[PDB]
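Let's start with one chain on its own, the form deposited in one PDB entry, as structure tokens.
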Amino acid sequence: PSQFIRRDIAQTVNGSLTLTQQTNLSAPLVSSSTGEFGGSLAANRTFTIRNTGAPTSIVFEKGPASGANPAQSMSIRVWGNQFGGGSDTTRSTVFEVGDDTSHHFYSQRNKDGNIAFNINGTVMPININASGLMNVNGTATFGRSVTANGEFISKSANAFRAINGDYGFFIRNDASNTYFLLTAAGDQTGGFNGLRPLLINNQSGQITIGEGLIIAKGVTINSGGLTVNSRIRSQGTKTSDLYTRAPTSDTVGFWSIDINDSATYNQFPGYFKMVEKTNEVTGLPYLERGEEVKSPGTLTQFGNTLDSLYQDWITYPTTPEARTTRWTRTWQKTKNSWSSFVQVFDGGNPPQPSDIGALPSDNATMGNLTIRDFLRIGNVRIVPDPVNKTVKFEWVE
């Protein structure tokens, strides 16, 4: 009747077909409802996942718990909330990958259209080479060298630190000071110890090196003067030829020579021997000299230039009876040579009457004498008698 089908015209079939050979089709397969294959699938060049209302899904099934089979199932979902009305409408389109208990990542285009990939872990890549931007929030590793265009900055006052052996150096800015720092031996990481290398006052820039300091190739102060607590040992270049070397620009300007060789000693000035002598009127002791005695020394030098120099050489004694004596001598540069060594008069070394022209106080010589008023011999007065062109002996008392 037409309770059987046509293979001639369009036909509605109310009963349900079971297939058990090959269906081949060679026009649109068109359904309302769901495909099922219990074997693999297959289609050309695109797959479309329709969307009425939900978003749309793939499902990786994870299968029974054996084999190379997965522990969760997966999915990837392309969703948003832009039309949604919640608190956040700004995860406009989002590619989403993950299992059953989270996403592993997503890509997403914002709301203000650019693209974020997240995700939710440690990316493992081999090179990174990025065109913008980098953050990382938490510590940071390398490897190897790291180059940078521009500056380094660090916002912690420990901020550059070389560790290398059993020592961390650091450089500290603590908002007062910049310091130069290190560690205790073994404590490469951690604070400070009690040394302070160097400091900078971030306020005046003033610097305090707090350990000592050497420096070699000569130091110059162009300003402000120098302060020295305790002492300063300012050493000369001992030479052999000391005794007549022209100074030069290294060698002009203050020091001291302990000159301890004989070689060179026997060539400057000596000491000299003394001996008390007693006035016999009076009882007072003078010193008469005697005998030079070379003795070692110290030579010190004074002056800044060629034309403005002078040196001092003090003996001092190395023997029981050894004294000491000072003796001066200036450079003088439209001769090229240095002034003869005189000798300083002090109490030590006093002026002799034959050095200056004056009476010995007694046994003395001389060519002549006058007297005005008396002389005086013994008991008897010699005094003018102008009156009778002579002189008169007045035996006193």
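Rigid core: the largest C-alpha set superposing within 1.5 Å between the two forms. Numbering follows the first chain given and starts at 1. Compared with the form deposited in another entry:
Only one entry in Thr23, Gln11, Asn388, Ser16 has its C-alpha moved by 2 angstroms or more between the two forms when the rigid core is superposed, and that entry is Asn388.
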Contents of the next structure:
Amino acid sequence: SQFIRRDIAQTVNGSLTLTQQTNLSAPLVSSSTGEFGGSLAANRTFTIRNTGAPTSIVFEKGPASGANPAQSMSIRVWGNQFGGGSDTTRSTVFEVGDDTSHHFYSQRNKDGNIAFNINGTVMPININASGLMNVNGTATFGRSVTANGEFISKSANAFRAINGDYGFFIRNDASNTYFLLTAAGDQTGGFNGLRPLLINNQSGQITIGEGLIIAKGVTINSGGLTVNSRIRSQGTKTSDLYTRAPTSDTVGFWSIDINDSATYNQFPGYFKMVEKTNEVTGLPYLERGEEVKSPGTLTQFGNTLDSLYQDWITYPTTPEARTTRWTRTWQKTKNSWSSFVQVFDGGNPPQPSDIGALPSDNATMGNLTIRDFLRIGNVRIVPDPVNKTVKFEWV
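For the form deposited in another entry instead of the form deposited in one PDB entry, what are the coordinates?
Chain alone follows, minus partners and molecules.
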């Protein structure tokens, strides 16, 4: 009776020490602890039971040598829903980490949602998120960035292209949208004084501030044009300007400086003028001399092949030369230019021979008729219509 029996159930009240292998073929059921100085193994399932305190696995750090960690680590499954206090939303938490702080944890809250928190930098190879993305800090991309949706910036300086010494960028300052440039070597900085293009956010009016060059034509459909402070409409100078029929490309307003002898010999020149004086009145008048070829400005007006005309103004290249203007008109139905005619002005007056008038002095004519009187020197000759009589008076 004070020995243990091998055939029936017994209760051992002494402390046993087993020096040989122990073999079990039925459940081991303990109400206390289990320390093993060697490794341990179980089949299929290991369960950590909970009787009021959260369950955990602890990985000891061991001695500070070899491949051992600096701190012990643990896996703990816990919560605060039943904790009674400010926060009770962390329903189920699977937490990993060490003596200092957690490394990471996954959790399901009361609302049923799952979060996987990392207390540092996550370092994946690839990322593939099926839902949203939020990043509070600066983002950097090593290659292209493609979106099926819209790119949106809430920064004034919104979109920037950097290359070489210069940064170009789009800036919305709520009043206007600017296309701006940086100083050389300040690619990430602010804008310089240049204002290449801007758009008024309210009116849509565009302003270009550093000059504009256009190729292949400009058309203003409405509102007209205002220019400060000059317009150079420079026509196409060809050798055949005198006889060149207009085309749809050459109609319109323009000017050409014809300064080459080969061409302006074909155009009208100016006239040498001689100043003469009336012996009687002392009033001067100009008399036309020889035609002299001269360079000049050819100017065209009119917008269609029906409506087109030209002015030819000569300019002096010699100290004694004078300026004379000429005009012509395009004749579509005749398919030719009208002949140049001289413009009459104070420097190129019409001549008595040009209009069919009698010269003021030294004149010769076929016949003349006088009604009231004819004075010769001091002798007046007066007809008397009532009778058939003439009177010779003198003073």
